[PDB]
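Let the hints inform the model, and build the full structure from the sequences given.
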Amino acid sequence: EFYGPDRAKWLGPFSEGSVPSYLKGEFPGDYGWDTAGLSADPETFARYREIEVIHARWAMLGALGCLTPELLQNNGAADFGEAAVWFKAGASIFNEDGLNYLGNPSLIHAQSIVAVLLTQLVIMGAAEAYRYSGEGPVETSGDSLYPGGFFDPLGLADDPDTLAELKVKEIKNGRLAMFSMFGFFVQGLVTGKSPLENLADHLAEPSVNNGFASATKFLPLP
Amino acid sequence: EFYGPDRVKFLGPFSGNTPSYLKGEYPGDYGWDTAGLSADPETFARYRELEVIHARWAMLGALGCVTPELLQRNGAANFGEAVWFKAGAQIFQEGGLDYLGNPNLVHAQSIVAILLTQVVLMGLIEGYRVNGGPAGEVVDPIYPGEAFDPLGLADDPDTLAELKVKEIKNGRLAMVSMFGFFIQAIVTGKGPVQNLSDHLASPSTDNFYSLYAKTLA
Amino acid sequence: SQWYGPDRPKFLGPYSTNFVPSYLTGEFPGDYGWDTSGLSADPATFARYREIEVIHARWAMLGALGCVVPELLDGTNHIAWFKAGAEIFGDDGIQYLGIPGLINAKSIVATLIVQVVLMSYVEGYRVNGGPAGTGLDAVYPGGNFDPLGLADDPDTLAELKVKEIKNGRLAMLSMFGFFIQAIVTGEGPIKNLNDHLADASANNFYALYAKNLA
Amino acid sequence: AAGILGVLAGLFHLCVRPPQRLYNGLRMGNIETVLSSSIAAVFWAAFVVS
Amino acid sequence: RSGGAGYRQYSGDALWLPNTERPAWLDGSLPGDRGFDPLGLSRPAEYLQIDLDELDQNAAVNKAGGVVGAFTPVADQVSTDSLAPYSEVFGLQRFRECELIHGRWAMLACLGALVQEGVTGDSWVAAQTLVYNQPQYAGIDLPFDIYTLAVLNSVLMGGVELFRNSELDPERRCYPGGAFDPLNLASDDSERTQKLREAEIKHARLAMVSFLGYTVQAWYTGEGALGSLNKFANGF
Ligand code: CHL
Ligand code: CLA
Ligand SMILES: CC1=C[C@H](O)CC(C)(C)[C@H]1/C=C/C(C)=C/C=C/C(C)=C/C=C/C=C(C)/C=C/C=C(C)/C=C/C1=C(C)C[C@H](O)CC1(C)C
Ligand SMILES: CC1=C[C@H](O)CC(C)(C)[C@H]1/C=C/C(C)=C/C=C/C(C)=C/C=C/C=C(C)/C=C/C=C(C)/C=C/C1=C(C)C[C@H](O)CC1(C)C
Ligand SMILES: CC1=C[C@H](O)CC(C)(C)[C@H]1/C=C/C(C)=C\C=C\C(C)=C\C=C\C=C(C)\C=C\C=C(C)\C=C\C1=C(C)C[C@H](O)CC1(C)C
Numbered sequence: 040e041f042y043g044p045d046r047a048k049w050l051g052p053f054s055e056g057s058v059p060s061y062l063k064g065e066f067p068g069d070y071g072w073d074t075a076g077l078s079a080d081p082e083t084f085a086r087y088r089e090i091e092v093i094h095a096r097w098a099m100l101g102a103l104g105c106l107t108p109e110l111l112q113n114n115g116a117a118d119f120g121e122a123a124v125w126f127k128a129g130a131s132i133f134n135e136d137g138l139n140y141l142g143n144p145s146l147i148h149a150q151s152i153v154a155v156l157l158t159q160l161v162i163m164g165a166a167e168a169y170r171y172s173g174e175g176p177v178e179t180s181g182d183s184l185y186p187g188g189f190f191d192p193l194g195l196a197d198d199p200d201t202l203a204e205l206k207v208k209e210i211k212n213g214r215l216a217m218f219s220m221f222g223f224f225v226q227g228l229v230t231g232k233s234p235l236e237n238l239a240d241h242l243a244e245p246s247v248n249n250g251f252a253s254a255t256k257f258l259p260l261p
Numbered sequence: 040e041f042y043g044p045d046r047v048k049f050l051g052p053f054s055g056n057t058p059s060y061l062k063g064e065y066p067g068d069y070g071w072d073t074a075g076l077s078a079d080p081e082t083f084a085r086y087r088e089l090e091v092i093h094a095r096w097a098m099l100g101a102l103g104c105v106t107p108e109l110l111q112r113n114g115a116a117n118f119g120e121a122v123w124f125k126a127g128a129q130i131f132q133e134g135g136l137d138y139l140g141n142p143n144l145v146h147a148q149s150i151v152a153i154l155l156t157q158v159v160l161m162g163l164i165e166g167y168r169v170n171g172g173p174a175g176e177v178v179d180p181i182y183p184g185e186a187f188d189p190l191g192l193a194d195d196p197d198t199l200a201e202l203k204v205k206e207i208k209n210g211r212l213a214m215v216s217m218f219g220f221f222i223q224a225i226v227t228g229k230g231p232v233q234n235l236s237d238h239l240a241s242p243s244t245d246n247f248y249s250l251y252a253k254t255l256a
Numbered sequence: 039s040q041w042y043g044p045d046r047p048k049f050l051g052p053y054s055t056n057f058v059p060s061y062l063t064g065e066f067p068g069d070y071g072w073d074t075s076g077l078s079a080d081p082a083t084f085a086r087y088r089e090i091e092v093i094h095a096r097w098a099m100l101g102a103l104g105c106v107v108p109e110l111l112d113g114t115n116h117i118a119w120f121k122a123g124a125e126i127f128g129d130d131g132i133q134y135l136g137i138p139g140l141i142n143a144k145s146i147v148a149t150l151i152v153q154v155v156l157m158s159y160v161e162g163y164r165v166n167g168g169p170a171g172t173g174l175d176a177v178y179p180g181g182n183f184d185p186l187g188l189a190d191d192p193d194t195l196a197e198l199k200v201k202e203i204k205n206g207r208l209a210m211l212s213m214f215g216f217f218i219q220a221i222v223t224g225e226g227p228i229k230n231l232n233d234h235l236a237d238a239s240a241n242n243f244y245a246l247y248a249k250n251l252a
Numbered sequence: 204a205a206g207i208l209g210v211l212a213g214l215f216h217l218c219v220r221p222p223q224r225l226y227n228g229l230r231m232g233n234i235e236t237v238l239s240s241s242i243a244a245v246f247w248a249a250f251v252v253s
Numbered sequence: 038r039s040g041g042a043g044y045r046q047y048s049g050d051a052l053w054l055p056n057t058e059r060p061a062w063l064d065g066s067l068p069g070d071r072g073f074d075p076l077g078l079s080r081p082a083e084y085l086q087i088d089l090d091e092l093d094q095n096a097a098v099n100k101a102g103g104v105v106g107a108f109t110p111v112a113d114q115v116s117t118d119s120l121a122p123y124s125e126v127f128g129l130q131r132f133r134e135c136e137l138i139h140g141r142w143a144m145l146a147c148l149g150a151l152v153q154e155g156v157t158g159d160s161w162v163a164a165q166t167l168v169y170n171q172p173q174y175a176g177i178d179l180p181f182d183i184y185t186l187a188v189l190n191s192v193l194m195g196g197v198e199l200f201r202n203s204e205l206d207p208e209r210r211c212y213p214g215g216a217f218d219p220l221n222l223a224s225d226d227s228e229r230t231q232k233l234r235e236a237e238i239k240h241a242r243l244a245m246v247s248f249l250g251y252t253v254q255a256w257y258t259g260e261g262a263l264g265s266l267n268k269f270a271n272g273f
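Chains as they are written, first to last, in the entry's author numbering: chain 2, 40 to 261; chain 6, 40 to 256; chain 1, 39 to 252; chain B, 204 to 253; chain R, 38 to 273.
In short, the hints are calculated from the structure, not lab data. A hint or two may mislead.
[As the list claims (entries may be wrong)] Cross-link-like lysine to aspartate or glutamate pairs, in silico, EDC-like; alpha carbons within 16 Å at most: (1) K203 (chain 6) - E40 (chain 6); (2) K203 (chain 6) - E64 (chain 6); (3) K256 (chain 2) - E125 (chain 1); (4) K63 (chain 2) - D45 (chain 2); (5) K229 (chain 1) - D112 (chain 1); (6) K206 (chain 2) - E91 (chain 2); (7) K144 (chain 1) - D129 (chain 1); (8) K100 (chain R) - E235 (chain B); (9) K144 (chain 1) - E125 (chain 1); (10) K232 (chain R) - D184 (chain 1); (11) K268 (chain R) - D130 (chain 1); (12) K239 (chain R) - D70 (chain R).
Shown next, in the form of structure tokens:
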């Protein structure tokens with residue numbers, strides 16, 4: 040279903056002659072989509088595979104992250120004031136009060152932009168450095184892309200049979216995240232509304248409130 | 040999952056006592072012959088043909104009883120009577136029955152002509168269905184294929200098996216829902232698209248219990 | 039023939055005799071050297087890129103012609119290519135040649151549904167064969183796609199392949215011109231040419247656009 | 204309208220051979236048959252025109 | 038590439054019905070042969086010869102003629118007779134020439150009706166009367182009175198059709214070639230010629246049905262080709 044010659048492919052019934060040789064089904068989510076042929080070199084394929092997975096995991100966090108504040112404040116705590124619409128949430132650190140988590144002044148109450156900058160650079164720098172190094176104090180399992188040695192406390196992946204299917208589940212949920220993250224970006228720029236607000240407009244008038252309603256709002260007027 | 044002994048059953052977990060003759064050899068076999076109506080293998084075969092035909096007709100009926108109304112509701116067209124249980128009277132109007140509301144379409148003005156044409160056309164193709172005719176010869180009475188599968192979606196045997204279940208399941212759902220269309224028309228007296236809109240507007244008061252209900256008595 | 043082999047022309051003309059990628063040997067049409075970035079160093083990537091070029095080209099040639107006709111017809115109101123899609127939202131929707139009754143499309147959802155279904159089959163058939171042809175060359179199928187049997191002589195086919203890619207490459211570059219000119223001028227490509235023909239020195243890119251671009 | 208049908212009937216009667224049974228029944232090989240039918244047609248027209 | 042993915046590559050002879058048999062007289066060699074002849078108009082006709090009725094008034098008894106024999110005349114034989122070149126009316130090759138000539142006229146007519154309606158704005162039916170009263174083309178008034186054009190049309194088409202009838206080879210009557218195939222697209226016996234001829238009958242049959250649509254729509258709606266199209270759209 041997801042490995043071997045009979046695996047599921049991107050073009051479905053017409054994917055028979057679109058499968059690049061080097062793509063054989065030995066890696067998760069190998070639907071055989073390399074029309075341009077960037078993964079012709081095995082080393083470049085190795086690097087691209089890691090980049091895709093890293094992007095997917097970041098996108099998966101981004102998707103949930105970009106919706107949790109707005110969804111909560113739309114019906115719930117309601118503390119997030121105007122910093123709930125992701126794109127327009129960065130200036131939360133520029134609020135006289137401060138970037139208070141869950142709109143709670145006691146929580147974080149950060150106010151220094153340079154501070155969070157340096158902190159993240161140090162926190163992310165070391166972690167990304169360990170990831171590039173291929174070794175660290177934590178268990179590394181030997182696999183940089185899959186260091187479940189310590190990053191897998193629940194041991195949800197103790198047998199290889201599950202790990203395989205689980206790897207496919209990870210990337211496929213990740214791909215949908217990457218695809219949807221690209222959606223958040225474009226919808227933000229084109230509409231200037233939060234992702235749920237765009238969803239609300241579609242539900243109200245699906246025909247009228249679609250992507251083509253804002254098609255002419257980029258026309259290059261003389 | 041949908042074939043063989045280790046298949047799914049209509050009674051979920053507590054469905055161990057399934058009839059012997061229902062042993063996962065046909066699409067949609069959930070072991071629901073509680074009345075033993077299909078103990079006879081010959082009667083079971085005929086009932087299977089009856090189920091598929093009733094289902095295929097219902098699927099057309101379900102879609103056809105919504106489109107004329109759904110397009111009218113959205114303002115796409117001006118039908119004579121978009122509601123399915125009043126569309127028949129369109130033939131008695133001054134302008135007859137105009138397809139899509141366009142006078143330059145079918146523009147029928149005679150119910151006798153409609154009936155006579157239907158008897159001859161339905162009579163021939165139904166005879167073709169059971170005996171074979173211009174479209175092809177009969178091999179499987181309910182799964183002819185060939186001319187009736189031009190896209191070749193059932194070319195793969197395994198896919199057809201799976202797709203066979205998909206047809207009867209969408210068909211069975213249509214039969215139930217179309218049965219609902221009949222009852223809701225008799226009770227609500229309003230088209231199913233209208234009835235749906237009402238409930239969705241106020242699912243608390245625009246429900247069958249809040250209205251009608253006791254009225255049926 | 040002159041377009042194939044080592045004697046083949048080169049993109050730098052005289053200053054390319056000592057500047058030719060080893061992998062480029064003149065065995066494919068439109069081989070003017072170049073490839074200064076080594077993108078097609080991998081033989082597999084070269085084959086994939088070569089197909090994308092001919093595809094992108096055959097599209098650009100359709101696009102280049104298609105972006106001009108509607109702007110060169112009084113019936114279509116000389117509509118600009120970048121301002122044609124909005125016509126679907128017009129009162130009369132899309133009327134081919136500006137003649138009432140033609141198509142009369144008014145729903146952009148219906149057009150996208152038909153385009154997605156029809157183009158998905160067409161592109162799929164181009165990938166793993168189909169009713170038109172099976173086992174034919176990916177970029178040069180022939181048969182149903184060569185009804186007039188123009189390219190039946192291997193020699194003529196070779197020369198015509200160069201003719202296709204060169205007209206196509208010009209169309210690709212000109213289409214990129216159409217894209218940018220539209221974003222800068224804001225008017226149709228034919229309108230731009232008319233202006234440059236009227237007052238060439240007065241109506242150019244630098245006379246009324248370069249300064250406002252920063 | 205009679206002219207249009209007269210042309211089309213002339214085309215038919217120019218292409219399709221008479222039936223064998225009708226040819227013998229009406230004696231189509233005998234020109235006196237044409238005289239009998241023409242006399243019949245001309246007195247039909249005389250009654251109408253009167 | 039293969040395929041067999043989005044289509045069912047069933048093997049058979051494309052006929053006008055999903056399952057049926059070609060008539061014995063419809064082999065399938067001719068372009069566009071779909072085994073369509075339910076009335077058997079191209080079936081080789083059988084005729085009986087009756088003897089000459091006795092009409093001698095010098096004889097005591099004048100018995101009418103009787104069947105002198107049954108003969109099946111050979112069809113598709115062109116002769117030097119200008120008025121009746123073919124041996125039999127009901128021949129496959131004569132009908133194919135009729136099908137092609139009727140079809141080629143319809144192709145010009147179907148395009149001609151559309152173009153003049155989109156150029157002049159006048160219905161093709163109303164076009165006939167307008168040109169009759171004021172000879173004109175593309176809005177330009179022609180320099181010839183209608184009386185001369187009437188004679189010229191009959192004389193020009195008379196010569197043109199008399200030239201056409203000179204040909205004796207039945208296949209060349211349907212496909213003259215020569216000056217009428219300057220590009221030599223389908224002058225050889227290749228498969229491309231067969232495919233091109235298959236395209237021609239399809240476009241020809243389409244145009245024959247299409248122009249039959251024009252006349253009936255003009256009879257019923259009262260509008261022309263483009264006009265009927267506009268009427269239908271507004272009808273909604
Ligand atoms: C290559 C395909 C393609 C391209 C380049 C465009 C381009 C455009 N469409 Mg469009 N469309 C295309 C396909 C399709 N459109 C539509 C339906 C519509 C509608 C309904 C509308 C448009 C409109 C527009 C214009 C947006 C307003 C404007 O002037 O912005 C300025 C933009 C530019 C000057 C050019 C921007 C393009 C950039 C240079 C890159 C071009 C290549 C891209 C990779 C695009 C790839 C497309 C596919 C493969 C994903 C714009 C020029 C709008 C319009 O014309 O209103 C005035 C509009 O209302 N399109 C359909 C479905 C029927 C398409 C199907 O393929
Ligand atoms: C990939 C290339 C490409 C693409 C994406 C487009 C896309 C588009 N073209 Mg275009 N075009 C192209 C290439 C392309 N074209 C080329 C190469 C040419 C030169 C032949 C043209 C010439 C052209 C014209 C003249 C027009 C368009 C128009 C359009 C727009 C609407 C298309 C339509 O009406 O529906 C689809 C079209 C068809 C399905 C063709 C069917 C034609 C009908 C059925 C019959 C033709 C009319 C007939 C001759 C009229 C009869 C009477 C007459 C003889 C007087 C659309 C955005 C129209 C427009 O209004 O722009 C906004 C328009 O008028 N194109
Ligand atoms: C299995 C079992 C077993 C055990 O043992 C016992 C028991 C339980 C008994 C069993 C069960 C059974 C069942 C359930 C049954 C059901 C049935 C149905 C409901 C059907 C429907 C059925 C239904 C159907 C067909 C439907 C149809 C419809 C149609 C055609 C339609 C038509 C139309 C249209 C479109 C529209 C218009 O306007 C009108 C009209 C014209 C009218
Ligand atoms: C060789 C080399 C080598 C080294 O190594 C590196 C380097 C340098 C990088 C390289 C280079 C490259 C290049 C130059 C590229 C370019 C490209 C392009 C521009 C394309 C286009 C491309 C383009 C294209 C396709 C286009 C297309 C178009 C189209 C379809 C159109 C459509 C349309 C029409 C008709 C009209 C309407 O109204 C609108 C529309 C709808 C819109
Ligand atoms: C096919 C293949 C092969 C051939 O050969 C060629 C080609 C074509 C090249 C290829 C393709 C590819 C594709 C298709 C695609 C890509 C995509 C993407 C979109 C990614 C993303 C990706 C994406 C991503 C990562 C994203 C991420 C995001 C994030 C983290 C976010 C964050 C945040 C939050 C939470 C919230 C706040 O308020 C803000 C922030 C702080 C900002």
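Hint-by-hint comparison with the structure:
{"no.": "1", "hint": "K203 (chain 6) - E40 (chain 6)", "result": "holds (13 Å)"}
{"no.": "2", "hint": "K203 (chain 6) - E64 (chain 6)", "result": "holds (12 Å)"}
{"no.": "3", "hint": "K256 (chain 2) - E125 (chain 1)", "result": "holds (14 Å)"}
{"no.": "4", "hint": "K63 (chain 2) - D45 (chain 2)", "result": "holds (10 Å)"}
{"no.": "5", "hint": "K229 (chain 1) - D112 (chain 1)", "result": "holds (13 Å)"}
{"no.": "6", "hint": "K206 (chain 2) - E91 (chain 2)", "result": "holds (13 Å)"}
{"no.": "7", "hint": "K144 (chain 1) - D129 (chain 1)", "result": "holds (8 Å)"}
{"no.": "8", "hint": "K100 (chain R) - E235 (chain B)", "result": "holds (14 Å)"}
{"no.": "9", "hint": "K144 (chain 1) - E125 (chain 1)", "result": "holds (9 Å)"}
{"no.": "10", "hint": "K232 (chain R) - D184 (chain 1)", "result": "holds (12 Å)"}
{"no.": "11", "hint": "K268 (chain R) - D130 (chain 1)", "result": "holds (14 Å)"}
{"no.": "12", "hint": "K239 (chain R) - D70 (chain R)", "result": "holds (11 Å)"}
Hint check: no violations occur; every hint is consistent with the structure.
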